[PDB]
Structures are given as C-alpha cells and as structure tokens.
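Chemist: If you want the building blocks of each chain, they are given just below.
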Amino acid sequence: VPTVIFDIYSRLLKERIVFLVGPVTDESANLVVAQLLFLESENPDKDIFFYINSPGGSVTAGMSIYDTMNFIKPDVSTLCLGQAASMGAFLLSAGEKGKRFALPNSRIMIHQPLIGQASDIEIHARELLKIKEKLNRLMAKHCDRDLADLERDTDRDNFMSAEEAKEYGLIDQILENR
Amino acid sequence: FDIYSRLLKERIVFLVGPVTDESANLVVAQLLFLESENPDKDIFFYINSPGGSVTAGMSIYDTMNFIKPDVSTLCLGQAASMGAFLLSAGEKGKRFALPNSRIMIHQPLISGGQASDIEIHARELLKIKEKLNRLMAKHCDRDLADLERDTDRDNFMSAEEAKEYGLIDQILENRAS
Amino acid sequence: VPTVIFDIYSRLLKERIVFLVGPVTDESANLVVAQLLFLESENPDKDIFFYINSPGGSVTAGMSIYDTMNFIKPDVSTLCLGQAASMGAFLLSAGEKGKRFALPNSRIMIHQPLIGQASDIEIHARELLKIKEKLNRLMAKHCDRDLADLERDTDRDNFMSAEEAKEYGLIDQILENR
Amino acid sequence: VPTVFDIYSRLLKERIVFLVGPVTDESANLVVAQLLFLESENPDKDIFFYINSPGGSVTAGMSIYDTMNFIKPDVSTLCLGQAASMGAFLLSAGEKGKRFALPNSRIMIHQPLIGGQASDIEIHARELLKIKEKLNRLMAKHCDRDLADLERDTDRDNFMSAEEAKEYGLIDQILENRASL
Amino acid sequence: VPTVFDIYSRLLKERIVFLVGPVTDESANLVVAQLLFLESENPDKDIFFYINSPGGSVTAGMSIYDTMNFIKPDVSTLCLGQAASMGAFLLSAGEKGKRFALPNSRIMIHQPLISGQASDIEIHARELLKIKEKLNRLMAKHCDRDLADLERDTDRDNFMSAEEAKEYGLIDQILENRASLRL
Amino acid sequence: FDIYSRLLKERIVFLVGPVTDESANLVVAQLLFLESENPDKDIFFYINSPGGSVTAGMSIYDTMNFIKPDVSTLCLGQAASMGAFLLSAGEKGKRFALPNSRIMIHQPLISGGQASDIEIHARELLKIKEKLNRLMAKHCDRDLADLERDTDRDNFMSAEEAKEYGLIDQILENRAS
Amino acid sequence: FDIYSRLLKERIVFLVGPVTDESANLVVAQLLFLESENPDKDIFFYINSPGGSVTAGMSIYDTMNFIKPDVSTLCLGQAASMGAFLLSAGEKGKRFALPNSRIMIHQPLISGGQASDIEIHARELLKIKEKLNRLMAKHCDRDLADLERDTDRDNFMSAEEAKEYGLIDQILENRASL
Amino acid sequence: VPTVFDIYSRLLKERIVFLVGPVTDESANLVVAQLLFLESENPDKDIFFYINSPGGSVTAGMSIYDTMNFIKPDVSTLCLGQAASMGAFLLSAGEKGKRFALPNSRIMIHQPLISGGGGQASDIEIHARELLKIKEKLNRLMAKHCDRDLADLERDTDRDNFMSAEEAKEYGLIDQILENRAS
Amino acid sequence: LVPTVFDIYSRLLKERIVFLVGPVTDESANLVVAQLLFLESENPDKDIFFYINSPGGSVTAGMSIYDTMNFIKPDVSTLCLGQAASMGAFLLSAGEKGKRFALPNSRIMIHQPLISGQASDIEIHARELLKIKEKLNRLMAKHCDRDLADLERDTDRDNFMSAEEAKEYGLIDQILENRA
Ligand SMILES: CC(C)(C(=O)NCCSc1ccccc1C(F)(F)F)S(=O)(=O)c1ccc(C(F)(F)F)cn1
Ligand SMILES: CC(C)(C(=O)NCCSc1ccccc1C(F)(F)F)S(=O)(=O)c1ccc(C(F)(F)F)cn1
Ligand SMILES: CC(C)(C(=O)NCCSc1ccccc1C(F)(F)F)S(=O)(=O)c1ccc(C(F)(F)F)cn1
Ligand SMILES: CC(C)(C(=O)NCCSc1ccccc1C(F)(F)F)S(=O)(=O)c1ccc(C(F)(F)F)cn1
Ligand SMILES: CC(C)(C(=O)NCCSc1ccccc1C(F)(F)F)S(=O)(=O)c1ccc(C(F)(F)F)cn1
Ligand SMILES: CC(C)(C(=O)NCCSc1ccccc1C(F)(F)F)S(=O)(=O)c1ccc(C(F)(F)F)cn1
Ligand SMILES: CC(C)(C(=O)NCCSc1ccccc1C(F)(F)F)S(=O)(=O)c1ccc(C(F)(F)F)cn1
Ligand SMILES: CC(C)(C(=O)NCCSc1ccccc1C(F)(F)F)S(=O)(=O)c1ccc(C(F)(F)F)cn1
Ligand SMILES: CC(C)(C(=O)NCCSc1ccccc1C(F)(F)F)S(=O)(=O)c1ccc(C(F)(F)F)cn1
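Protein chains in written order, with PDB author numbering: chain B, 8 to 12, 22 to 131, 137 to 199; chain A, 22 to 132, 136 to 201; chain B', 8 to 12, 22 to 131, 137 to 199; chain C, 8 to 11, 22 to 131, 136 to 202; chain G, 8 to 11, 22 to 132, 137 to 204; chain A', 22 to 132, 136 to 201; chain D, 22 to 132, 136 to 202; chain F, 8 to 11, 22 to 134, 136 to 201; chain E, 7 to 11, 22 to 132, 137 to 200. A prime marks a further copy of an entry chain.
Chain B extracted, bound-state conformation:
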C-alpha cells in the first residue's frame, strides 16, 4: 500500500471517499462502518462518496453498513465501479436518492439469498425466507417499484448494465466523466 506525506486509502478519506472492495464480511463491513462514523465526526455536514466494487457477501454484515448509511447525518452518495452484485447492489441502491451513480461499463446483479435436526432446519429456512422478503421490500422501496417486481426479478441471477440498472431504479445517473 503506497504511503504519501499515511496510506493511500487514508489519503482518500480526506476526499471523504470510502471503498467497499470484494466480499462483504463482518470485518470488511465493519471497516466501512468505522470510516462512515469517522467522516461524520470529521464533518457531519458534507457528503460521503461510497465507491462499491463487490460481489456481495453476508446479509447481516451488509445491513450493518446499510443502517449506518441511513443513521449518520451526511448523505451517502454511492458509485458502482466494476460491479455491485448481491449485497453490493443492495448497498449501491441504498445511497441517498439522486446521488446513486454507476460508471459506464460497470454491472449490477440482484438475486435472492443463497447459502442438523429437522427442527433446526425449519428454523434456518424460516429466517432465510424472512431475509428474502425483507430484502425484496427494501429493494422495492429503493427502486420505487412494486414488491412483486422484485420478487419476480430476483428469483434467479439478474445481471444489469448501468443503463438497465438506471431504468430499474437502482441508480440515478451514469457518469462517464466529471
């Protein structure tokens, strides 16, 4: 990691840029949370720019970012570069309405969740199903779409170009340059 007179990523936090790169785990998600809280403390009255290149990962770890995005005072602008798939698309669509962006050749993908005793099986299947539904409802709200749309369109892997994600309502604009 390059240094400059701190590391490259801490240098970019001075631009209020936070990256999510690769799979969403508790550890990688909480690193994003900590940067969000740090930037809000630095200045609660300036936007944050959350750049997302992720294939997805843990639902609960993603929810920790999601709820932090909505809790803190700064607007969280989101930007898809490379790809935002699964929980990465979810967080992308969670950016402040009107501040959700994708680079022109990035892609988006949305899908339903994917992963003892009979009694335990029943328990885990039921929570998975609730997650499924919760994700569909929150995504429909993000996209200003009907729940039944999301239920249909996440049944199997649904890849979208930046244009298709814009029409779907997952992002607001495709940015080619400043």
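Everything labelled a hint here was simulated from the structure, so no lab data went into it.
Worth double-checking, as some hints may not be accurate.
Claimed, not checked - The calculated DMTMM-like cross-link candidates involving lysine to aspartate or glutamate, where the alpha carbons are at most 20 Å apart (straight line), are: (1) G:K30 - A:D23; (2) C:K187 - B:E148; (3) F:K151 - G:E188; (4) B:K89 - C:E197; (5) B:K153 - A':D141; (6) D:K151 - F:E143; (7) C:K187 - C:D170; (8) C:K155 - G:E143; (9) B':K187 - A:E148; (10) A':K151 - B:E188; (11) F:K30 - G:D23; (12) A:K151 - B:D141; (13) G:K151 - C:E143; (14) C:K115 - C:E31; (15) A':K89 - A':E31; (16) C:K187 - C:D174.
Said to hold, decoys possible - Looking from chain B toward chain A', a few residues come up when the C-beta cut is under 8 Å (computed): (17) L28; (18) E31; (19) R32; (20) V37; (21) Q99; (22) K113; (23) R123; (24) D174.
What the hints assert, rightly or not - Taking beta-carbon pairs under 7 Å as the criterion, some of the chain B' residues facing chain A' (in silico): (25) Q128; (26) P129; (27) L130; (28) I131.
Backbone N, C-alpha and C fix where the C-beta goes; we use that ideal spot for every residue, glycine too.
Given the coordinates of chain B, work out where chains A, B', C, G, A', D, F and E with the ligands should sit on it, guided by the hints.
Modeler: Chains A, B', C, G, A', D, F and E with the ligands in isolation, oriented as in the chain B frame:
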C-alpha cells in the same frame, strides 16, 4: 458358502451397521429371495444398526409389508433411528429384543442453494418427519402427539422400555421366554 | 453378498428382477443394460421387473437404460422403492404403460438438469438446454401431460408422494402387497 | 486498517468500542482492555459498545460482561448487523435504557452448544447445564422476563427482529438516526 | 488365512469361535452368526469362545453377550493374550464353571470411555451413565460381587493377571495345559 | 517512504501481476489520488500483467476515462488479457510499449447449478465477450469483426505488431524515440 | 501506543489464553518491568486462561513471589488449571474474581519410549502432581488431603465456591464491593 | 501366494507354521489357529515354528506363547532372517533342545518400548506400572528360557541387544545352529 | 506481539537482562550471542543476567552461547526460571561460578545427546554424536566440580532435578526466593 448364506437357509436376514441404499437393497434382495423360496414361512430380520438414510430404510419397510411372509424382527446390540423404525415395523406379535439391546428414536437429522431451494428441501424434510411420526405411532399403538414429543431429541430406551412403549412385543432371554 | 446353491442378485434374475440402486453412472447403468439384454435372450416373451431406488445421476447413462428398455422385446415393468429421483424418476416413468408401480412410502422427485473459453461455455450451455427440453418432452409423453406442465413442474426440485406421482401420471398403481 | 493511528484507535477516542466477529479469549480481552482504558481516561462518561457478532466462547464473553458491570462508566450497547448468542447476551447487558439496535439488525438467542471417561463426561455435562441455567437467569434479569420464558425461548435458535427484541426486553430502543432518541 | 474349509472354518468344526481384536458391529455379528450356526449344528454341545480383544463397542458386545445367553449350548470362554474392557465383559459372561484363561493372559476392566446443544449433551451423558451402571451391575453378577466393588474397581483402568481375575470371580480356572482342568 | 510511493510523486502508477478486485482498486485509488493532487497533468500507467478479472479491469478502465488527467499507458514485460485491454485504453496518442514487451488478447475464459442458472451465466459471459470486443475495436480503430476473429484463441503480439494492430501508439526504445 | 502497553502504566498485566513458555515469559517480563519502575506499588495481574504448561506457569509463580510488589490477582472469564494455580498464588487478601467468572482445578494431564524412560517421566509427573497439590493447599489454607481429593477429576467452581475454598479472598462486582 | 492348495497350506501338511513380520492380534491368532489345527491332526508329532519377525505386541505374543505351552506337541522354533523383540521371546520359548537358528540369522532382545500414545497423571501411573510389570514378567520368563539369572536379563535388555546365532546359542536363547540337516 | 514501553525485552536489556526462552536453535542462540556482545560493548564492567526457561535444542547452537559467555569480559550470571533442560541446563551450569541461580520451583533436567545414508556415513555421524556426548559430560563435570563418571552415570537417561537437587549436584550455587 459363508456363514451368512448358511443362516439365510434358516430364513435369518441381518441388517448390520448403517442403513444405506446399498445395505438396504441387500436386505431387500434377501427378503425377496426368502419369499420366493417360501412365501408361507416367517422371516427373522435381525437388526443391529445405528440408523442411516430414511429413503433407504423405506425401501426395506415397504418390502417387509409387501411380501407374503411375516417378517419377525429382533433387536440385538441396538436399533437406533431407522433401525428402530424397521424393528418397530416387524409383524405385530413378532417383534423382539434381546434383554440388553437398546433402542433409540429421534426426528430426522441432516448432515445449500437459493432460498427457494432451501424452502423446498426444508418442507420435504418436515413431511418426512411427520410421516415417520405417523407411521411410528401406528407401530407403537400410540397417539401421534406422543411420538412427536418423544422424538424431538435422542430418546434412548432399554429393551423393557421399548416393549412398554409399544415398539416391540416381547423380550427374549432364551427360547423358553 | 450372500451366495445360494451364485450370488443373491443373480438368483433374483431368475425371477427376472433387475435392480438400479444408488447413483446412475455409466458403469451402474451399463450393468442394468447387460441384465436387460441377458433376460431378453433368456426369454423375449416374459416381462422384466426393474426395481429402482436411485437419487439420479448421469443423463446419458440413464438414456442407455431408457433406450434399452424400449428396444428389447420384453415389457419392462418398473417399481419405485425408497425413491426414484431425477434420472431415477425418469426411468420409473419409462416403464411399460400400465406396469409402472411404486411402494406406498416411496417418493418421487423430478427436476431440470443440474451440473473454459467463452466459446466453450456457449457450447456446453446449449447442450444442457437441449437436454432440459428433451427430458421435459419425453417426461410429458410418459405422463400423458402437456410439455408446458413439465417445464413448470421441474423448474425446481418437485418431490411427490406415491399418490401424487400416480395423479401426475408418472406411475400407474401403488402396490401395498400382492 | 487506514493509519496515519488507525481508524479503530481514532474512534476509541470517541469512546466507541467494537465487538466484531466471533467472541474468543483474545477478541474479548481486547474489548476488556479498551473498556478499562476508557474508564481510566474518564470514569464518568458513557462508553458506546457496538456489537456485530455471531457469538463464541461463554467464559470469554463473561469477561466482557463482568467488566461492563465492574467499571464506573455506563456501557451503552448498539446492535449493528447482528448480535447472536454471546453477542446478544452482551447487547442485553448494556446499561438499561441505553441498549439499542439499528432498524435492520437481528438478534438471536439459544442455549449453549459445543472425550473422556464417563465420570469426566458427567462433570462436563453438569458444568454445561449450570452455564445454561446461569445464562438464562442473567438474560431474564436483563429482559425483565422470567427464567421459564428464557428456557422455552432459547431451546433452539430464536431469531428476532429489532422490534421483536425490544418487545422481549433485550434492548430499549430502535434507532433509525439520532432523532429516534 | 491358510485354506486347509479355511483355518478358522476348520476350527469351527471343533466348535471353537474366535474374537480377535476390537469389538465392532461387524466383528461382533460374525461371532453371533457362528454361535447361531454351532447351536443349529448341535444344540447340546458346549461351544468354546476364544477371546483376544482390547474391547470395542458396548452395543456390539451386548449382541454377543445376549446371544451367548440365548442359545442352548453352554458358551465356555478362554482368555488368550488379553481380554480388556468389553473383551473382559464377554470373558466373564461365559458359562459359570467354564470360564478360563491361559497363564500369561491379562484382563482389564474399566468404566465407559468416549473418544451438540446442552440438551443433547445431557441426554447422551445420562445414557453413558446408564451404560456405566448397567455394565457394573452385570459384571457384579458375573463375578458374584457387590455392586460397590465393581464401581470402585472400574473407576480407572484395572489390569489383572489370570490369578487376580480368578480371585476376582471373573474367570473360574487357569489352564496351563489340558491336565490343568479341575472340578 | 518506499520506492513505489517515491515514483508515485512522478505520477507513475504500476499494475504488476494479476488483475484482482484488490489489485485493481489499489490502482483506482492511485489514479484518484493523482487526479486530486493535479487534475491537469498526465498520469503514466505502467502495466506488466497476465490479466485477471473482467469486472476488476472494468473498474480501472472506467476510472481512467472518468478522471480529468490523460492516462498514458506503457507496456513493460507483457500486457495480456485484461492487461492488454487496459493498455489499449490509455489516452489515444499516449499508449506505449517497450521494444521487447509482448501483448496477448483473447476472449473471456472461466476457471455449476441448474440449467436455468447456467443459461443466465452463459449469456452474461457472452455479453461480456461482445462488450470487450466492441470496446477493443474502438481502442484499436478496427471493425468489430476483426476483434471477434482475432480473439477467438490466444493471440500473441510483439510491440511492433500491437502498434500495427492499433493497440498502442508508439514503441519507445529510449526517450529520444 | 498499543492498548496493553497503555494499561501497563496502570500496573495491569494480563495472562490471556494458554500458558506457554512464550506467553509466561511475557508476563515475567512485565512483572520485572513494573517492579523496576516502582518496587513499592501493587501489581494487578488479570487472568483469563484455560491453563497450559506447568513449568511455564512456575516461571510466573516464582516471579510473583520473588519481586517486591504485592501481586494482586483477578479472575475474569475463567482461571483453570495453571490459571487457577496462579490466581490462588496472588498476595493473600488481594486475590479476586469477577462475579460470573469460573475457576477449575485438576490433577496434571498429558496429551513413548522404553519402559525405563516412561518410568522416569511418570515419576516426574507424579512429583509435579504432589507439588501442585501441596502448594495449592498452602495457597488455600487447606489440607493436602482436600486438594488431592478435589483435583482427582476436573473440579469447576463458581466465584463463591472459589472463595469458600480459599482460592480467592473476595468477589468484586464493582469497586464498592471491596 | 502360489497355489499348487496355496503354498503355506501345503507346508502346513508338513507341520511347518510361519510367523512373518510384526506380531499383531491378527497375525498371532493365525499362528494359534494353526498350532491348534496341527495338534488336532496328530497330538504327538513335533511342530516346526519358523520365525522371521521384528517383534510386535506383548499380549499377542503371549497368546502364541501360552498356546505353544498348552498343546501336547513339542513346538520346535527356528529363527530365519531375524527374531527380534517378541519374535526373540517366542524363539526362546520353543521346546528346550529344539530351538534353532539358521547360521546368518540374528536375534535381538530389549525391554518393552511404547510407540507413542496420554491422560491424567493417575492414568499414566496405572499404565506405567502395568508396563513395568510386563518388563519384569518378560525378564523372568526369558531368564527361565535361557537358564540364566534374572539379573542377567535385566542388564542385557536395557537397550537393544543384537546377537548372532552363536551369541544367542551361548546365551541360552537357542539350542543349536543348523546349517543343514546334518547339523 | 510484545508491549512497547522499542519493546519490553529491549527495556529489560537496559537492566542487562537477556532471555533464552524455548528451544535453542541457531536463530534464538545467535540472538542471545548478539545481546551478550552488545551488553559487553555498552559496559564491559557489569554482570549480565541470563534468564533461562528452555527445554534444550541444538548442541552447536548452545555451544555458540557457551563460548560467548566465556569469551566476553562481563560475568554472565544465570537464573533458571520454569525449567532448564538439556542444553538449557548446560548453559545454566555454565554461568560464572558463584552467580548461578534457580527460583525455588524451577526444575533442571540433564541427559545424554538425542537425535530424532551409507554405513560409512552412519559410522561417521555416530562417532561424532559420541564425541559430543563425551565432551558434554566432561564439560558438565567441570561446571559441577564432579567426577566425569558421575556425569556419565547421571545423564544416561533423563535426570530431573529440583532446585535443591541441582544445588547439591553442583549445577547451581544458590536458590533465590525473594529480592531480599
Ligand atoms: C447475503 C447472502 C449471502 C446471505 O444469505 N448471507 C447470510 C445468510 S446467513 C445463514 C446461514 C445458515 C443458516 C442461517 C443463516 C441466516 F439465517 F442466519 F442467515 S445472499 O447471497 O444470499 C443475498 C441477499 C440479497 C441480495 C440482493 F441484494 F441482490 F437483493 C443478494 N444476495
Ligand atoms: C434417517 C436420517 C439419517 C435421514 O434424514 N435420511 C435422509 C437424508 S437426505 C436429504 C438431504 C437434504 C435435503 C433433503 C433430504 C431428503 F429429502 F432426502 F431427506 S434421520 O437421522 O434423519 C432419522 C429420522 C427418523 C428416525 C426415527 F425413525 F427414529 F423415527 C431416525 N432417524
Ligand atoms: C442427469 C443430470 C445429472 C445431468 O445433467 N447429467 C449429465 C450432464 S453432462 C455435462 C457436464 C458438463 C458439460 C456438459 C455436459 C453435457 F452437456 F454433456 F451434459 S440432471 O441432474 O441434471 C437431471 C435430468 C433430468 C431429470 C428428471 F428426470 F427429473 F426430469 C433430473 N435430473
Ligand atoms: C457460548 C457457547 C459457545 C459455549 O458453550 N462456550 C463455551 C463452553 S466450554 C466447554 C467445552 C467442552 C467441555 C466443557 C466446556 C465448558 F464447560 F467448559 F464450558 S454457547 O454457544 O453454547 C451460548 C451460550 C449462551 C447464549 C445466549 F446468550 F443466547 F443465551 C448463546 N450461546
Ligand atoms: C465399550 C466402550 C468402548 C463404549 O463406550 N462403547 C460405546 C458407547 S455409547 C455412546 C457414546 C457417545 C454418545 C452416545 C453413546 C451411546 F448412546 F451410543 F451410548 S468402553 O470401552 O468405554 C467399556 C465398557 C465396559 C467395560 C468393562 F467391562 F470393563 F466393564 C469396559 N469398557
Ligand atoms: C478477464 C477474465 C479472466 C474473466 O472472464 N473474468 C471474470 C470471470 S467471473 C464469472 C464466473 C462465472 C460466471 C460468470 C462470471 C462473470 F459473470 F462474472 F463473468 S478473461 O480471461 O476471461 C479475458 C477476457 C477478455 C480479454 C481481452 F481483453 F483480451 F480482450 C482478456 N481476458
Ligand atoms: C500444567 C499441565 C498441562 C502439565 O502437565 N504441563 C506440563 C507437563 S510436561 C511433560 C510431558 C511429557 C513428559 C514429561 C513431562 C514433564 F514431566 F516434563 F512434565 S497440567 O494440566 O497437567 C495441570 C497441573 C496443575 C493444575 C491445578 F492447578 F489445577 F492444580 C492443573 N493442571
Ligand atoms: C511387545 C512390545 C511392543 C509392547 O510393549 N506391547 C504392549 C503394548 S500395550 C500399552 C499401550 C499403551 C499403554 C500401556 C500399554 C500396556 F501397558 F498395555 F502395555 S515391546 O516392543 O515393547 C517388547 C517387549 C519384550 C521384548 C523381549 F522379548 F525381547 F524381551 C521385545 N519387545
Ligand atoms: C542438543 C541435542 C538436541 C542435540 O543432539 N543437538 C544436535 C543435533 S545435530 C546432528 C544431526 C544429524 C546427524 C548428526 C548430527 C550431529 F552430529 F551433528 F549432531 S541433545 O538434546 O541431544 C543434549 C545434549 C546434552 C545435554 C546435557 F546437557 F544435559 F548434558 C542435553 N541434551
């Protein structure tokens, strides 16, 4: 002409160790062989097994009920899980255990995919659980509610306890029993 | 394997019983083919009783049994014990019409197929899709059902009791005893 | 971890302590150390204990729990992502009225879960059952519920939404943002 | 195995049955099968059950135990090399007065040993303690001893010489050769 | 204050080895850092890479085109697969290779599921293949048909050949070139 | 600037996890340092350990007794095996446990060679067993016969049971508990 | 295994029994079974027990030893290649006067040795005591086989003690070195 | 991985304390050698305190420490804490006579060398091992002020000694209980 083929002449069939498709079908084949040789004489099905696959156990179960001979069952060592299910399925009046054998019964237990596929497989597993409880209640002359409660977790029984439960008919200490 | 004065399975071939047990592989399927051909040679004018307890397996290995069932002169009666899933259900439904049976607590399951360079990917996906369709059409013929029924009902794993498989048209009768 | 001091050390200066991931002897004592550090720096200010954890070792979690209660600062807890098993126990141990969950977090509670001679197995089985009852009694106290409630409700994995966790008594309030307070 | 209808098959004609090595479901049921065969061949003649075993599965050993007691032939037992654990149990289970050991064999007895949720741990610990108690009671019967003796004497591994096992009541005689037999 | 941070002062950014999400984002971060420091001066993007993830390469690609500075590219050692794609994406007129570097281009290459899922993923992969061919044709000033044919299998090019193909602009032997 | 170094300024030393040569010597080094900085101030030795090597534990034990400062001990989480030994070894009157910590004591446990060598090491282990029982009896103000009986198999104790036993002096719920 | 039935069964007809390789429960019991078969076939003719073994389990070797002493036939022993450890013990247990070695074979004797292994100090004390009982027992039995003082065997088995055929003859472990039948 | 107060072991090096912890290897032994030379350089007129908790390790690595202890001008006092076994006990016994110490519950263990091709090569390496065995028994007899035959007898198998037994044998000079 091994020892087991020799006892096959006595119409004794063993199930030893885990219930798999392969070990179950070996039992099924012997049951059909014995029915072919003599459809009008009892078969003695000796079970010493920790359990194993439900569907493989069901292949033995339905063959037991399909063939003309009464399939007497005998627990030696243990009959646990699908082994107890098969023991309890012997012809009523002809289900036996040796005095220090033990029986264990419990609900289905499993060792991925989309939530849609998990849902389907959870529901099939619950149907299996209900079916086994219903069949076992029939075997033991008990209410379904008893079986549902009594198989929530591993339930070990002595030979006497399994008799009192309704899983077998008599404890045999020797022939004079 | 018990012997009797040959092994237990060769003894049951005298009853014209052939077993399929466990996964369908080239080797296990071809063993079934060889027994079918042997029994036809022994007497072309008597039924064969094909007992199936299988979770499925290779499509092409199953087709070797399927086409042999239809080629040889004896009617091939089929019987589900334990389970016939995937290619096992396919072969079960392929038995001579009116001679397809299931034991009372067996189960049936049907589903669509499941498994380099971009060019190669295209090639394998296309053959998989053809298999999908071929399986659906042959199953619809076996079941006296519309193709679109099979397409809907094999999209995900579709478990059926013996009664449900009978109503679906996969078997003819449920046998409890002789 | 971005560094100049890293991001977690910087937020520690705001009196935020994180529990992230499995509760081990090492992750738990790191939490204990931070709690003691913040008390020594100012024994009179609240500490904000943010938990995203699937659970882990009971005795390791107990070291955090007793430290939370030993130190003079109120320890406020926040559930973000999830607080499961010992994570949920620690969440419910925050200062009453200061236990929080974010709106889409989840909580899960359950009984304990893990050779020798039969004498040794008996001893360890007994010890595990004492732990089971101790944790159900402590949790009931946190939730202002009965021991019998917790025994029924932890027999298998019991997942709760933030609202369900609030109604149960595990947390005091769901915070969408600061205006929720 | 020399094929003289092999060597063990040949000795089965002398009504000798071996247990060699660990007691598993597979080795235990082979012993059971042979016991049933020899009873079928002649129900009024003794069987000689030669044991050289470190132990193994309790439930598998119980299948042999209950078979020994079920069939009509007396099952005489002989310790050669060792009979440890469930091996010792089966040795002590032979027909009283026909339990033997060679002079430098050894016997060992001990309580059960094992190599989920708390609810399931409780259920399985309780069952292991039931097994421990049952084995101690059955052993006290075989040895004509107080239950309390066996509880004390199986707490840890209890190695005994042939003479110690005879004085314990676990076997009846030590045989150096055929001329050794008494009574 | 390592050697690479020192060359970062010269506005040199390296991509060395496989293109992954992590190595690509490290490149992206440096491009954004350099634009922040000076949006009005060229960046020199030195590529020695066998390729790697398409989507990770796309994150670099779109950042190159998004930021204000011209991103000059230089192939040293090799630029293969997504490495050649990035090399070809440098600001036109400012794409370079050293004389003994080599370039390789090819169609997408992948290392399960239901036929429905295989179909979806095969089709996405074909869209990627078409997209890369279309973008590369734009970079090289060639017809799409040329790229489609020329990437069917691994296509190795010398520095001269890549220049003649349209992938780079000049071969630099030294500065006087 | 790390947190354990910071806490060392409060004269707090931690033993966390298994007692090894390396982790025990790190404790030794901190005890020597704190004595060097101020030989007339108490040291607070916080223990959360499942036990470990007896000889490594003895290096801590003898260091605790060698240095001039009183070494107060605190059980947090658990103090088992050599962890309990060191807990009980703190300056009498200054041995504490948190309310939900646990203590466990047991005889020595080893997880090859000629009979002569096995004889030698078996005898050394029995000397160790007797040394630990005798020293622990002294720490608890109890009989040698008590400890011999009470460590034959794993013996778990609540904080109240440990106090009753004499292994610690007081249970601290908070500072007002002293 | 050539089949002319197989070669070893054919040599069994000549009352030759092999122990080859390590002494395990399974390899020991096969020897016991052959010894009992040959006694059954003729209880008065010598058995020739050929030993090429590096040793193995004590209790397994004790099953053979006690069987050799139990049966009516004299068991002559012949060392070929090597008899080490429990192999050497069994070599020395052959009928006195009929213990032989081929001229370039070797013998090795040593005290008991445990491969590796575990547990509480009480348990380790129990098993170390049993191992020392076994060490003493083997030393006394070998002293008797060799017609030597116990103290000799204790000294001479402290570490691995390799002996040529002539050294083993001098020691009292064997009676004669056979280069051919004329010996 | 080590408290910083740089670090705690560097801080105790200011007190002229050097640790040997765990197995003696070329790397851990050269680190001890480096610290001894450093402390000699800083002040050749003060003792070094060499604290040993070690199960042993390489003979040649141990010899690099031993000859360095004897080469430098400072007295190297040794202290057994926890245990000093094998080469650890050798080095403990090698401290400046009168300045070799053990804490009351430490233990010492001494034994003969122990290791975990062509016959010619086997003969060569076996002869070298026996030279090492003989050299260590002679050097240890010298440190213990004992006859060589005593050491030959007492190292034939693992010989565990309490602190008192080690003092009586001659391996250490005094047992230290507290700082006063
Ligand atoms: C995040 C994913 C990986 C997920 O399920 N993570 C954790 C599940 S944890 C688990 C495991 C076993 C047993 C019980 C559980 C528990 F119940 F606890 F969860 S998801 O891939 O399936 C997913 C969700 C949403 C989207 C969308 F945004 F596109 F809409 C895309 N992907
Ligand atoms: C037999 C057991 C091992 C079992 O579940 N086998 C089949 C697993 S395959 C499977 C895997 C994933 C998804 C779906 C499936 C499937 F659809 F196939 F099931 S059981 O342990 O659960 C058991 C149940 C009942 C009893 C009683 F009889 F005592 F009452 C005893 N044992
Ligand atoms: C049989 C199954 C396992 C299958 O696909 N076997 C072999 C595929 S080979 C392959 C692999 C890689 C690349 C290309 C190929 C190829 F193209 F060559 F095939 S199936 O499970 O999917 C299935 C089919 C039908 C049914 C029904 F009957 F229920 F209807 C159930 N299951
Ligand atoms: C913490 C868990 C992992 C646990 O048991 N840890 C350590 C056990 S250590 C052990 C291992 C073997 C032998 C003996 C022992 C010993 F006895 F020493 F413990 S728990 O999952 O089971 C759990 C507890 C409570 C909750 C609640 F909060 F929701 F209520 C959730 N989970
Ligand atoms: C036989 C042994 C190996 C044994 O425990 N077998 C199976 C245990 S069952 C078990 C384990 C875990 C969970 C559930 C279960 C279950 F439910 F299955 F029980 S024993 O060696 O321990 C033994 C017994 C008796 C004697 C005596 F004679 F000497 F007295 C000596 N040894
Ligand atoms: C980059 C490579 C490694 C690639 O395919 N990465 C992404 C794989 S992930 C994946 C896996 C399964 C299902 C779907 C997907 C997904 F949807 F994600 F793609 S490439 O080798 O194929 C390549 C392509 C083009 C060129 C050119 F630039 F020269 F023209 C060079 N290299
Ligand atoms: C510390 C333990 C792990 C122990 O034995 N460590 C090292 C042994 S080293 C060894 C290994 C092999 C051969 C020889 C040896 C040697 F002889 F060298 F030791 S102990 O668990 O057994 C234990 C002791 C005391 C307590 C109490 F405090 F509760 F009382 C609890 N536990
Ligand atoms: C046979 C050998 C391998 C042996 O010890 N087997 C017994 C292992 S059982 C065991 C395992 C763990 C714990 C305790 C025990 C038990 F206590 F039960 F033993 S021996 O090599 O040591 C040997 C002995 C004698 C001779 C001589 F004849 F020359 F003199 C040569 N070799
Ligand atoms: C140091 C030990 C580990 C040792 O042998 N190290 C050197 C291995 S090098 C080697 C490897 C292969 C072939 C040849 C060789 C070579 F010949 F080179 F060595 S020692 O433990 O055995 C030991 C010695 C003495 C004492 C005493 F102090 F107590 F007296 C204690 N211990």
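Chemist: So which of the earlier hints does this model not fit?
Modeler: Checked against the structure, the hints that fail are numbers 19, 22 and 24, while the rest are satisfied.
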